[PDB]
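> Spelled out, the chains give:
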Amino acid sequence: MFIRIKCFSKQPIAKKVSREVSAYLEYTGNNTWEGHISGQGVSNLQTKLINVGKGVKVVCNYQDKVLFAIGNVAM
Amino acid sequence: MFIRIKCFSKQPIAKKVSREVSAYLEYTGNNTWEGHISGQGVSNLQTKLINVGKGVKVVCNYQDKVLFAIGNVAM
Amino acid sequence: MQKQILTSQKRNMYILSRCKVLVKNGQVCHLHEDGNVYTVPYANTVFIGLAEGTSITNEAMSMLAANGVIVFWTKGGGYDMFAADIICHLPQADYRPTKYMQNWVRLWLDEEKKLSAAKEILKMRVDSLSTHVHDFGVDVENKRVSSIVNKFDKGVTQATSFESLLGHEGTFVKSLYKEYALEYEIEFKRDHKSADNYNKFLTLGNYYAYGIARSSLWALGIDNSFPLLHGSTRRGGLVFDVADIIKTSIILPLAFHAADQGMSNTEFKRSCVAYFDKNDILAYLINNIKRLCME
Amino acid sequence: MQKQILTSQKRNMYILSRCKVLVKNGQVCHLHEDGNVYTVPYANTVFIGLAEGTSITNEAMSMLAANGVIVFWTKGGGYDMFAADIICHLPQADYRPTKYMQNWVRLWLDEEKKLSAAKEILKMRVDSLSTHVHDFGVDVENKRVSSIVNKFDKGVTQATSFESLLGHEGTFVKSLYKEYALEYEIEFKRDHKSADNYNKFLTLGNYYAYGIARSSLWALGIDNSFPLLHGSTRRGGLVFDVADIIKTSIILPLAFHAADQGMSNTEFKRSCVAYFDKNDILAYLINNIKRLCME
Amino acid sequence: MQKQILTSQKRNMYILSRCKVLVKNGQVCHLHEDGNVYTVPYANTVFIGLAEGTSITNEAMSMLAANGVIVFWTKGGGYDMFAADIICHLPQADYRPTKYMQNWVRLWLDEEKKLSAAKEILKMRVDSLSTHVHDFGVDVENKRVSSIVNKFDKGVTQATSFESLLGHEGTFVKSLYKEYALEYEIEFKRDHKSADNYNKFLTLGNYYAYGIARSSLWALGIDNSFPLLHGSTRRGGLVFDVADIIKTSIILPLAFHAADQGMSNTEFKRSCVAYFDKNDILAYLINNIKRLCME
Amino acid sequence: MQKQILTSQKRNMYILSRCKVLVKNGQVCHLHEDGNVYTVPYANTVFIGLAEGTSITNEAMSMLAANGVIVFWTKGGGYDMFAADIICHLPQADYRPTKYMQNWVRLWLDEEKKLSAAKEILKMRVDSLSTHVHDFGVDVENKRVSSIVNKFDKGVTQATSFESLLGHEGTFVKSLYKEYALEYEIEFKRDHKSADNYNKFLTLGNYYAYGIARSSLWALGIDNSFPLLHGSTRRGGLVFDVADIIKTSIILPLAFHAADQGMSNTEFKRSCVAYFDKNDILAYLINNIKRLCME
DNA sequence: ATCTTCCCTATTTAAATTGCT
DNA sequence: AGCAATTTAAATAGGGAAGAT
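Chains as they are written, first to last, in the authors' numbering: chain A, 1 to 75; chain a, 1 to 75; chain d, 1 to 295; chain e, 1 to 295; chain D, 1 to 295; chain E, 1 to 295.
Treat the hints loosely; a few may be bogus.
[As the list claims (entries may be wrong)] For each label pair, taking beta carbons as the anchor points, the in silico distance ranges come out as:
#1 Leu31/e - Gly35/d: 16 to 22 Å
#2 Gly231/e - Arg270/d: 40 to 46 Å
#3 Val133/D - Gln63/a: 18 to 24 Å
#4 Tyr62/a - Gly55/A: 33 to 39 Å
#5 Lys174/E - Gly170/D: 56 to 62 Å
#6 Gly170/E - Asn287/D: 36 to 42 Å
#7 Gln2/d - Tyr42/e: 43 to 49 Å
#8 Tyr42/e - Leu115/d: 37 to 43 Å
#9 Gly35/d - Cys29/e: 24 to 30 Å
[What the hints assert, rightly or not] Cross-link-like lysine to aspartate or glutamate pairs, in silico, EDC-like; alpha carbons within 20 Å at most:
#10 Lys57/a - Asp34/D
#11 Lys193/d - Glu59/e
#12 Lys151/D - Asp127/D
#13 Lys24/d - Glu52/e
#14 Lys200/d - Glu183/d
#15 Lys269/e - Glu59/d
#16 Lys16/A - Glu59/D
#17 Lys269/D - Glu34/A
#18 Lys75/d - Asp85/e
#19 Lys20/d - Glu33/e
#20 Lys75/D - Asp94/E
#21 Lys20/D - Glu26/A
#22 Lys3/e - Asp34/e
#23 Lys278/d - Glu34/a
#24 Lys114/D - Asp110/E
#25 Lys278/d - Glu26/a
#26 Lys99/D - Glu111/E
#27 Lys20/D - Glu59/E
#28 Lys65/a - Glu267/D
If you are wondering where the hints come from, they were derived from the structure by calculation, not from laboratory data. Even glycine gets a Cβ: it sits at the ideal position worked out from N, Cα and C.
Let the sequences and hints guide you as you build the complete structure.
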């Protein structure tokens, strides 16, 4: 299932995101991750992006909708 | 043509890349624009991005082929 | 100055709601009331539409008009059965070419060529329902749809009076409303006020059809004030004659599909954009109003 | 800030600069930079224009275009037009081309009527030379200039073909260029690409000379693509044609003074909108086009 | 470990060439020799093919061991003439499911059943051919492919000796090569040293097949050194049974279409990850080897 | 950094730490941090080890595998492996399950032979204790510990079925817990989910014993999923089963000697691999696999 | 060797505001 | 309304560098 994660966060809390989102998602460019995942992969990635810290502004796009709105994101 | 322009530049030149890329594509996220361009809007945008200056780092993926790679962009 | 991207090849189409359309750092960008702004195209948009609450600046209009962007305001219809008034600002600054309504007012004044052009612009939709098929909904030409399109082609060909064209057109729209009601298993009627998903999405889709059309008519010069199906129900112009070619064929199936599969407003918007670009709906309208004009 | 330009009956043409045209207490209002809120006279406006640095909401335009006032975008003086609707009939319960445009296109169809209309509009070149007299220009009643105006009168009362009418027009405008260059004691050939100041501000003023033509024809409803003296292949020819009224009579000596005092673009723009309001050039053009059709 | 993505729906396959695969800030990344790192989805990958010119660190094997990544070293010994040896590192620290091996060895041992299953890994090919379909190659409903799969059916069913099943498998594969050669209108003798795009994409796809086949071997826990089909030509274990199912039925249409349409190396690499997950040629091989284990 | 562990006679495990295994001047080498490359023997090494901080290239991988020498990866110490390819007869000219693998399958696939093999691997307990006494805990030849040994050397020989063997193994484990508690004057209840230093140090030594047990089963290609004693649903039961020989004889006193002196986790690791390197206890475990399977 | 945790250093972005059109 | 400078923190690459295994 095709998801696309964009991290609109600050850089010290973006390397800690990029440690965990790049476990499941390909790097397509400029703090955005686009690649293929399963539903339990979605659940595990949301769980381990919630638990990293504060300021984890992250938007996930399934099709053209949104999956997560972690942090006070601009979306 | 669905072309996806990602500007991996530094701010001073990137705001200028944003100005001419904003005419033809819409913002998707973190200096990555993605939208429908016709057949010659991509050529007009390539010339408008070449004349942005020194420091333009723009990649562009039609299908998954790199269409144009202005500057010393990362592969 | 190069040559600028052609109107018939422009892709992004907008209906922008609740914002403050402005220019910041040289790009048109609409300030939604979160404090955050979204970058909108100005050179690869063929219209922006402005719904309730939007406010355009002058410099925004400058960029858009110079680049060739039709702009219209959605609200203004206050009747019970009609989309009454869409106030629309066409870019007059650029001098549009002369070759086409110098021949369109020729047919507009001679009533036998006005009548014949009304026939051919009414067979526009019966060829548009055939050349732009779908993979969903109704089987483009099944039994019922083929029966009405044959009945309509016969009815428009045998009619030499202008109210008769309005009558056959009314039966046309009402009985594909019926046929799409049966194919999408619901009871539906056209009312601009009903909160029915179908009705709502169809109103948004007719706004989009207005735009492609109004832009089709700017590109070729032709004004709105020279209609070819004038009558009691139709008091809007040519736009609403060229707009409904791609409404009964492109919009209404899309509105019904976006109504069933749980599409949002932005989902129906994006579906419009994609489908219209794929079918070169605008290139159809500019390249096929043309054969009404000089052929 | 607030401006007012004459039109046919009243001063019903308002240009708004530097103000967010809002809506207060059930009436479109203006919120300026100073902080003062004004109101729009609903009977002393049916035309309203918006200059540099403004904004206007949907609830402002929909209310504003229901009572009978129509919104149009301009540069800064209220002449150089970006985008607008078409001045049609009563835009709420009807949508028809005006009576004012219909007589003009009856002129357009027939070669004899279009020829006599060409004679008329090229005679009000001489009338606009007479009626807008420049103290800082020349004495237009003197022998050297009256020779040129009787050259036009004798030519246009004897012209049978358009190709000779254009040549007589050309020798008139060339003789006015030569005489006006003789008065400021300079040498001059009209070139649109020369870097001299005289040509630069002549073409610069010629732009707003075309701008008032766009504003004047929009107001009468006339599409600016039915050119009288110019050919059918010239894009937006009618603009330059009704601008031929004033390009030799206001814009030419003002541009020559702008290049004779060294007044740069900004100072020249100031003098433009000044003379363009005080001696009522838009009203002069609007009854000029009226008189070309009503007869 | 938490819950962890199962080894059936990991969908990021990689063969990396000319890049030191290391661990940077807790991410598996290939540092190419130009100096740029590229992060690898180490928890969404089933295999990492280390091609010519690469090197992997021990911390980059610890993070690809716990996360279940099949690291195989490709060239040098992997000339694939007899499919001799691709040095393939299975993560052995995780105690895999044990009820799969204790049934599989029972299969291997009793020869009667070995043949019965051999037949079925050979009958899984016609099943993978019929179910997993493409839309660019040949019709599976065509009479030539139906004829050859029926000949292979009657070859598999009546044969009761491993050399006869090897000959039937051999001719099935070889005639499929010839059928795809004749239908794509190109000569094709599959020599692994031949550097045409057809043969190069085929030997890349076979490495992809080795990767998911050995991932289905590891997730089951079944060691490769227990082959159902052993003999002279067939060397390398049972991973060349679990790869040779998808070899005649997925990657060979994918390789042939990839070189017929002029798609590049990385484009065929992308297509053989996308298709390999659209109909999950992974959990097909997982749940159908589980159908082979069964009793 | 570079170390040698014996497997049987001259086939030797060469654990490389902190290096760069690359082809240097034709043959393979390993560049350490002090700049000294060393050529690794080809006939005096068959299992080459990759400990922490080592990276090996595909040229080194391919040419190492092409001449008999087969790699495995491991953590710090050489006894904590996580990824390898399986042992075969020879990796080049054939692919077959090993003779030790085949004989172990013959043990596992007959109930009486699995039973008599189970009494054997249980009866290796006394041998393990006697061969490797420490200067830390109880001596083998005391009263109560040799009573525990006599309880095995009577009961294991004539135990009927497998749950009887599990009962005696539980009595020995919980009974040497009493003896080694009395040596160090503490009270023991075995719980892996506790937090005392004795239990957590014992479970770290348990994992450290599982690692070398997994390596010793790997060294002959013996699959980890074929337990003699634990149930058919226990994942990796053979790792625990061939670890239990060293778990109560060497691991238990070490974990206890370590905890007494209260040293750290890394100090535990280095003391385990020091004592584990001194007496070649890995080589003892391969000799036990050959003694179990060969017969 | 490899990786990582650090931190000190420039230094690269960003937002507040003046001054003008 | 919109465009620049123009400071102004301040956030941000980044290059050895010390510990670990």
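> Against which earlier hints does the structure fall short, listed by number upward?
Violated hints: none at all, because every hint is consistent with the structure.
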